[PDB]
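Form deposited without this ligand, single chain, as structure tokens, below.
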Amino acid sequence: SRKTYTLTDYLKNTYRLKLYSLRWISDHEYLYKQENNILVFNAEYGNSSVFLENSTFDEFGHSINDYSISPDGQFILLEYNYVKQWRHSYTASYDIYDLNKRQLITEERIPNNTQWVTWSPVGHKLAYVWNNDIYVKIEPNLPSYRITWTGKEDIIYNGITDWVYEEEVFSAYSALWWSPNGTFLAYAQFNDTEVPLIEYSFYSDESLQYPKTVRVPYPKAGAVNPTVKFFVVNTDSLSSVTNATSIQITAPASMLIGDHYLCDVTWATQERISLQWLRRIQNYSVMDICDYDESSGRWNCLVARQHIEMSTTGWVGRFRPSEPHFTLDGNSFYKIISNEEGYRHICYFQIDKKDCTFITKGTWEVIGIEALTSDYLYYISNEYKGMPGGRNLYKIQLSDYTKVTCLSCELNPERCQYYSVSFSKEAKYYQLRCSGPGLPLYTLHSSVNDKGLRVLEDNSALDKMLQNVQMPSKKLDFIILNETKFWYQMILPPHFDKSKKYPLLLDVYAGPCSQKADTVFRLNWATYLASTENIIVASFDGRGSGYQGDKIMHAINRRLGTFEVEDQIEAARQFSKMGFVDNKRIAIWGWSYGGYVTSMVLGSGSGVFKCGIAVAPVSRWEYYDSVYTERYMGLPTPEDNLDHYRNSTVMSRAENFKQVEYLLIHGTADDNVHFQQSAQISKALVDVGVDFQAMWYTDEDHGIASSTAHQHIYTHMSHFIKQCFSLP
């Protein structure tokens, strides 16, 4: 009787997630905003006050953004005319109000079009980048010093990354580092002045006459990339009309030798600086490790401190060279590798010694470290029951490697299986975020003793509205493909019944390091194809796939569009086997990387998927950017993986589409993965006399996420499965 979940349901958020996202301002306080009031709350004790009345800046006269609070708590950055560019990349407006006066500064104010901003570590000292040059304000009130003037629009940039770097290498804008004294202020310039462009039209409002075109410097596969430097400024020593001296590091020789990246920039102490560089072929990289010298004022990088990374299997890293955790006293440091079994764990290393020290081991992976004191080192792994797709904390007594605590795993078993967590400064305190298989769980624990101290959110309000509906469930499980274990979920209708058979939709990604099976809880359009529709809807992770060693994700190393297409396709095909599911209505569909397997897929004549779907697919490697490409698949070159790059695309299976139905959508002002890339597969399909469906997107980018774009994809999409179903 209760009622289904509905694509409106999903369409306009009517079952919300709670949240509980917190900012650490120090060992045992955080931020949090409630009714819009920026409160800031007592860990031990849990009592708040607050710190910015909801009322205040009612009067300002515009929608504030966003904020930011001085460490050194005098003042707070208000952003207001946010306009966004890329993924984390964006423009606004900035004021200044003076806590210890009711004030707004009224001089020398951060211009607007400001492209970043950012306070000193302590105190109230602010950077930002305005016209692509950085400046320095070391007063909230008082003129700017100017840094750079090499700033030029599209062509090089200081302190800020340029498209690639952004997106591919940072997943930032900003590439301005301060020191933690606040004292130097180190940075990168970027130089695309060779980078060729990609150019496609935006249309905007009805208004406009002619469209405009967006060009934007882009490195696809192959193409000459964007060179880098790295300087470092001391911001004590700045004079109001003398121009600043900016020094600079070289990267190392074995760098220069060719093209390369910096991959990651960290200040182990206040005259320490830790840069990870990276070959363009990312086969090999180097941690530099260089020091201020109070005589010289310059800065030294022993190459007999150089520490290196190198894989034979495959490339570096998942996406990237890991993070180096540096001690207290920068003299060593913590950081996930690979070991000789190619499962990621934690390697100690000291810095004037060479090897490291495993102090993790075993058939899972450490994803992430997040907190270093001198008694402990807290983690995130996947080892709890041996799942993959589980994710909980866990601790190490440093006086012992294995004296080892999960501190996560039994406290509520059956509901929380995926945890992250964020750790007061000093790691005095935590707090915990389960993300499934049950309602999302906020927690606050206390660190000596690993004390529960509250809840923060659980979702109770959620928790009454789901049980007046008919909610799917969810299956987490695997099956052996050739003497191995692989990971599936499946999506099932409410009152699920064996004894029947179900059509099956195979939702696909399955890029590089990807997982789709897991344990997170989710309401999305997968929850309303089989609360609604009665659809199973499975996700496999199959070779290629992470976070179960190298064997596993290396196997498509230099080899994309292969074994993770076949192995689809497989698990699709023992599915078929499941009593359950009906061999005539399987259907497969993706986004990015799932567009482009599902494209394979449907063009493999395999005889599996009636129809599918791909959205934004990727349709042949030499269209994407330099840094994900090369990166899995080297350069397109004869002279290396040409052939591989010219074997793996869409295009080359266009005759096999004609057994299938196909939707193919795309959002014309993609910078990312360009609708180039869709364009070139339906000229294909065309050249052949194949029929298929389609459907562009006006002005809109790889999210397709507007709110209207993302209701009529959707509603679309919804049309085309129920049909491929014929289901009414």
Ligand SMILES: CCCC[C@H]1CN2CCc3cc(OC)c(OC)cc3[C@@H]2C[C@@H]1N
Given for the second form:
Protein chains: 2
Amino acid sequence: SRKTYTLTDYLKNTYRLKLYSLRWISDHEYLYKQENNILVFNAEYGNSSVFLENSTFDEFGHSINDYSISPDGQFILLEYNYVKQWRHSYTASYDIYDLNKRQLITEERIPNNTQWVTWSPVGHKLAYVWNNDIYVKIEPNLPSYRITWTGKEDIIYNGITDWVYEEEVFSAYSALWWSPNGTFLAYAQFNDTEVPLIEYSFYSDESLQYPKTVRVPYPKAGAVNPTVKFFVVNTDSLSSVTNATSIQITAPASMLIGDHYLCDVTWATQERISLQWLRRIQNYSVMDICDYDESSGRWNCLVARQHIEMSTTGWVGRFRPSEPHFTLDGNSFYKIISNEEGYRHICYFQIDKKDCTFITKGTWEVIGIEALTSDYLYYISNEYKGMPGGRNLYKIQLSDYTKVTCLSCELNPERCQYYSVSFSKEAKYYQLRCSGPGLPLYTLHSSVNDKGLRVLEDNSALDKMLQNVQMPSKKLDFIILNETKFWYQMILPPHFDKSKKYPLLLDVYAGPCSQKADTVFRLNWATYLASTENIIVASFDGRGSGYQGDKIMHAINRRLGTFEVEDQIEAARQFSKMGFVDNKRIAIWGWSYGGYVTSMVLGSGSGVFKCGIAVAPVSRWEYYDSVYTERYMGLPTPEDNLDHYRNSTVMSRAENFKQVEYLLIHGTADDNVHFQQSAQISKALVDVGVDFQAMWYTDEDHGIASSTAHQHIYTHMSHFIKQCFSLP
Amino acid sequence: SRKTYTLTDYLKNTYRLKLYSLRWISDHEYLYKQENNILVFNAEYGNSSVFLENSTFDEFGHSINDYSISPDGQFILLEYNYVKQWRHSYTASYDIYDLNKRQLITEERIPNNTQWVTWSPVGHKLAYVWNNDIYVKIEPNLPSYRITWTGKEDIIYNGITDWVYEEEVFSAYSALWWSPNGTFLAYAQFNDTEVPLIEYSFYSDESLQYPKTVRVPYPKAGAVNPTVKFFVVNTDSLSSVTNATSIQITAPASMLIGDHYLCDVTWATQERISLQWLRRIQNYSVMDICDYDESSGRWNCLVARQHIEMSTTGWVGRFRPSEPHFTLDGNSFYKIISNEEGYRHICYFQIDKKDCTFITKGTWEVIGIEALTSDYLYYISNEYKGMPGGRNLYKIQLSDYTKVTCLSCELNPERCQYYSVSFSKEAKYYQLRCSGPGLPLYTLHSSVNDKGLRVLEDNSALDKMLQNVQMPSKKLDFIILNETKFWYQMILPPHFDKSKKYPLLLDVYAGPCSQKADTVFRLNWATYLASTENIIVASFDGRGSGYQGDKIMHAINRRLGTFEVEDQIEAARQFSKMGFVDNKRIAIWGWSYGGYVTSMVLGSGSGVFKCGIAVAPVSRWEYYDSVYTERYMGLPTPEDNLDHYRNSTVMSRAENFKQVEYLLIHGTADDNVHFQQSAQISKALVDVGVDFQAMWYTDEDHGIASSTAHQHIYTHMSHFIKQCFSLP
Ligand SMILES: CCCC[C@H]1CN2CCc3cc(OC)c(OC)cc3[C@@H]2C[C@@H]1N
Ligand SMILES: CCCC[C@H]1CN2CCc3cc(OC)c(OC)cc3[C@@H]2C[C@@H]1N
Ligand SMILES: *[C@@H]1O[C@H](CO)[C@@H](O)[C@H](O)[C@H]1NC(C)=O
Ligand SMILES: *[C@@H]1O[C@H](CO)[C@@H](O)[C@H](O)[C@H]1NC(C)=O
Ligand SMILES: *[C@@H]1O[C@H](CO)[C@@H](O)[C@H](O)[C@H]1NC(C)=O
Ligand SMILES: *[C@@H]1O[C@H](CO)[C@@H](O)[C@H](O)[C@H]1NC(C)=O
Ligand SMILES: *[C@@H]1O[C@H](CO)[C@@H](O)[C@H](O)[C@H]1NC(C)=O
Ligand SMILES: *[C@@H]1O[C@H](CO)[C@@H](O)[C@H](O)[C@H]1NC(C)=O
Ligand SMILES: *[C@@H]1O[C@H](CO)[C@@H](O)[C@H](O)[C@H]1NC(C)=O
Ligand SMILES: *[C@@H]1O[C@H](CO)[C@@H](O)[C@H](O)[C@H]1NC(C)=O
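Given the form deposited without this ligand above, I would also like to look at the protein as it appears in the form solved in complex with this ligand.
Now the full complex is given, and it begins with the chain already shown.
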């Protein structure tokens, strides 16, 4: 009798997850916005005050898009006129509000169209990027000092990243790193002069008579990539008219030998910086430890003090060399590295000593190091109950590595099995965030004795609303494939009955180091497919998937479009043979890597799938960017991996699509996986005389996330699946 | 007759129409290519021999695309390495083969990537265009003389047209016109400096890592058009030492005022050239008559023999100002003009005298003037039986305009109601070519006592094959709307039965001066829809259509997207009265203008139609080109016609589409109706939440005509109509 979770429920966000986003600002207080007052909370006692009144900025004259408060609390950055670029990059105007006064500063304002801004970690110093050059402000109302002069659109980038670096190396537009003193400003410079450009049309509003051509430096696989330089500027010694001096730190000879990348920047102490560098062949990376010299005024990186990571089995790190977490003095640090068994665990490194010491071990993996104090290192792993898709927070005592406590496993075992955490400064308190399988639960804690302080948001409101609807349930379990455990999940319709046969949709991603079977609670298309259409939606993590060691993750090294595709077919075969799935109605779908796999599956000739939907698929590894592709496939030269680059396109399997109903969708302004990719898929289908369905989304990019497009594509695919499954 | 006309038959051409394409080379011989042998024929007696054996160039090494034989029969041009540009333009390599000898010419060869070649009209001089400049050859083996030096790719065009001029004005690449002597070479020169560029992606073979951006100068409505200059060179007075002397002919002062076009160039005599010009507001045109001054060396155009044409109710001419046919002495010419009742007839003009004399009159129109001799003007009209969609050859005795014979009406009246003609030089012989309603029949005749000589091709073969197929029939008829006749044609399934209800597809074009209802015999898609799928396929010629005078044709002046659209809806309504149509299954489709109308109909909210298909549609007139659009729509400024430009888009009707099932298809490399036009439609249906189907064809242009793409779209449209009509 209750209503079912409908397509329109998902689309209009009728059942919302409540959140509790805070920003720790000290060792015992955080900022939180409530009824859009920016408040401060005292962690120990829960009491709150009003940092910045909701009312303030009513007469400001513009919609304020985000804010940032100076660390040593005398000012606040008001971000407005936000215009978005790529995944992380955006441009914006900024005002500055002086708090010890009811006043916006009116002089020496940060310019409009600013590319990036950042407070120093302490005090109130400002660093920004405009027209691709760096600028520094010592005080909010004074003139800025110009640090670089070489900035040029699409060509020279100072302190911000170019397209590849934003997307694949740093996951940020930013390329600035202040010292903990705020004395030193470090920045990377990127040169893209000889990097080719991907070009495409943007139509814009009807009123535009002629289409625009968007042109972006984008190094496709095996092209000339950008180069990078790294610099450091003393921010305390600057002159109103005399040009600032930037000291350059050079990459180690073992990288300058060829094409390479800056991969990580991390200050250790006020006088030591850590640089991780990675060879274009992503086999070899070097951590450089560089110290400031009182005498010379320069930075020396002792060769004997370098740290090396190699991989014989695949590439380095999960998507990148892991982050190093330094002890307070800067003499040692902790880092995730693959152990001799191939499982990623925490290793202890001392700076002028060579090997490192494993402090965690076993048939699971550490996912991230989240905080370090002199008594404790806190990390998240999937150790609990051997479930690779779970997540908990653990604690190690550094005086005995065997002394390990799990801090989150038993807090709410049935409801919470997927945590993330956010510690105050010095880790005096931590916010725990549970993401499923029940409703998300946010809690606060004290670290001295790991006591539960409160409950910050339990989503009770959601709970009450959901009780009135036929929600689906989720199964997490595993199958065996050739002596190995591989997990899967199913989203089962309500009042599921195993004596009936249900149509099955295989939801697939399957990119390297991905995980599609886990314990998090989601409200999404699948929810609707199952609750209203009684469709089983299934996902499976096969060879190539992550968090279960290298044997499985690297099985696909130098070989995309291979074991990961086979394994999705085999999982389906095995789902077929469960008494409850009708083998006449099995479909497959996915987005991005997911579309490539889905396409490669549909073109395999397996006979197992009736129909599928590929959204924004890669169709040919030579079409995608250099950093991601080569990491998994090497270079597409005959000397290296050209044959497989050629044997693993969707075009080559064009003939087999005659055996299936295929819907191909792609947005036309996709700057990440270019429309070209699906354009070649269709040309290939056409050359061979195969019918299929298509949908381009004008001006949409890789996420197809504009509100109306979003509603449309999911509307379009629901029609498609419904009809594939003879469902009215 | 048992078997059916099948989709594959259409697509694979199981049933070929034979043709008889001949090339006259004198008053009494023609050449004909049978197999690959070139044959020469005698028209009077009908004997024939082999001019060029198919074997001659077996060791040429390159596949020969076409040939052109010098008018004095001494040499032949071989065209190879043919690369297609737009509709008429293309590049190619050329060799010249000396006939009296059997020698290829090795000296001073025509260059690669040549853009246009043409023999003089009498002898064997050559004029070609390479890198946008004109070169002349007196003798095939001698060095060429460079006539222009200003040529610049995409900017200066000497002797060839820019994109608009090629497609909308001359319907040709060529912009060279030899004088009948061969003495003078007259050529146009276009300057596209300020014309904006349409840009679009072209993806090419799979192997291209980066898509190429194609950029073409193309004035969209109301943008900066190209400019034109006209020159005439004396080709008898060229030297190697001195440069060629080009004499410019300026346009009339009444054209120089504002923006204008060069519409027609026609040589009257060895020393007289006729030029027509047209004002950007294409409602006024001026014919200029220019003579060579033997002493001066110049060309003078006496403002006094200027002839003016103005239209009160609309534009000038059908798709342009009609062409003049000059009597041999040059002093007078005949030309089709709209008369005072609004019908297009032949008018006689004497060069220095006012007005002109109409030699034909009546409620019908002359379609073309086909030949002129001392005693007779030959022309084609649609007078016979008052059928606007019929065509016939007529003869008028010049010494008494009331003496008008129909030369074609009674030859084969039940089989032939649509002819075209081709006359030999001096018109002593003519080939008739009938196109329907029966199978095409090609016949040769002598002009003396308009006698039949021979039957050239009667398609007997095709006849018998077709006897064994259940072919559809064709109903050609009319409906009365106000006090006016509007013609439709129906394509009826075999064994038609006026008692049963058939589903109907309205096949629409409906752009200005178009005619969809006629007596032509066609084997096409509609053929299949009727014969195999038992679908009636109807076309209708309403307001804005042509060959019925101006009341009908100009009714849509400055109002595109109105009466032509309404009228198609009304036609389908009328078809429903007629009791053999199922009004729950009426559909509509079109290409180009047809696409535009279909989409405008589908969005009218009319309820009449269930579904439709739009291929390569214009969606906004500001997107299409300047010459065509401004012809019917004026300028898109507030002071001229901007409101209707904005009330006539497909985008604005978007909400209405929820009422129907729509399929939109467009080639990504359409340089004519830019993909932009459908990209904007798709985004508008998306912004308003209307579902629909789509299909882009990568790298195809406005014709989407490569064999595979053609097979695929028609396959895909078949599936669409079939399911729209609940037909298996
Ligand atoms: C064919 C399309 C594939 C697309 C992207 C997939 N994402 C998601 C996971 C991830 C996670 C990263 O750090 C955690 C990360 O750090 C660079 C990159 C990525 C990749 C980057 C790649 N751009
Ligand atoms: C909205 C798209 C429609 C575009 C095309 C329509 N055709 C058909 C009729 C026609 C007939 C002509 O001579 C008879 C002609 O001579 C230049 C041009 C045309 C136009 C050219 C214009 N390219
Ligand atoms: C919390 O309460 C204590 C006692 O009044 C006070 O000192 C503190 O400032 C309060 N904190 C906030 C952020 O309101
Ligand atoms: C402003 O803050 C008050 C104080 O609680 C809150 O109740 C009110 O709803 C907020 N007003 C706005 C602008 O949302
Ligand atoms: C930036 O923007 C505002 C309006 O957009 C303008 O008035 C101002 O002068 C510009 N310069 C600033 C604030 O840096
Ligand atoms: C960028 O590198 C190019 C070499 O491709 C060089 O010409 C240029 O000087 C470099 N610019 C800077 C500022 O490093
Ligand atoms: C036709 O016959 C005449 C007389 O035999 C011959 O001279 C002439 O060359 C022939 N022409 C052709 C093209 O066969
Ligand atoms: C044209 O190209 C072909 C191959 O490049 C060559 O044989 C010839 O010499 C070229 N130049 C000409 C024909 O003018
Ligand atoms: C073409 O037109 C441009 C723009 O008016 C002008 O400056 C240029 O000289 C012209 N070129 C020629 C060769 O006519
Ligand atoms: C020939 O004439 C053109 C312009 O008329 C000039 O640009 C070219 O250099 C000339 N060369 C000679 C041979 O006089």
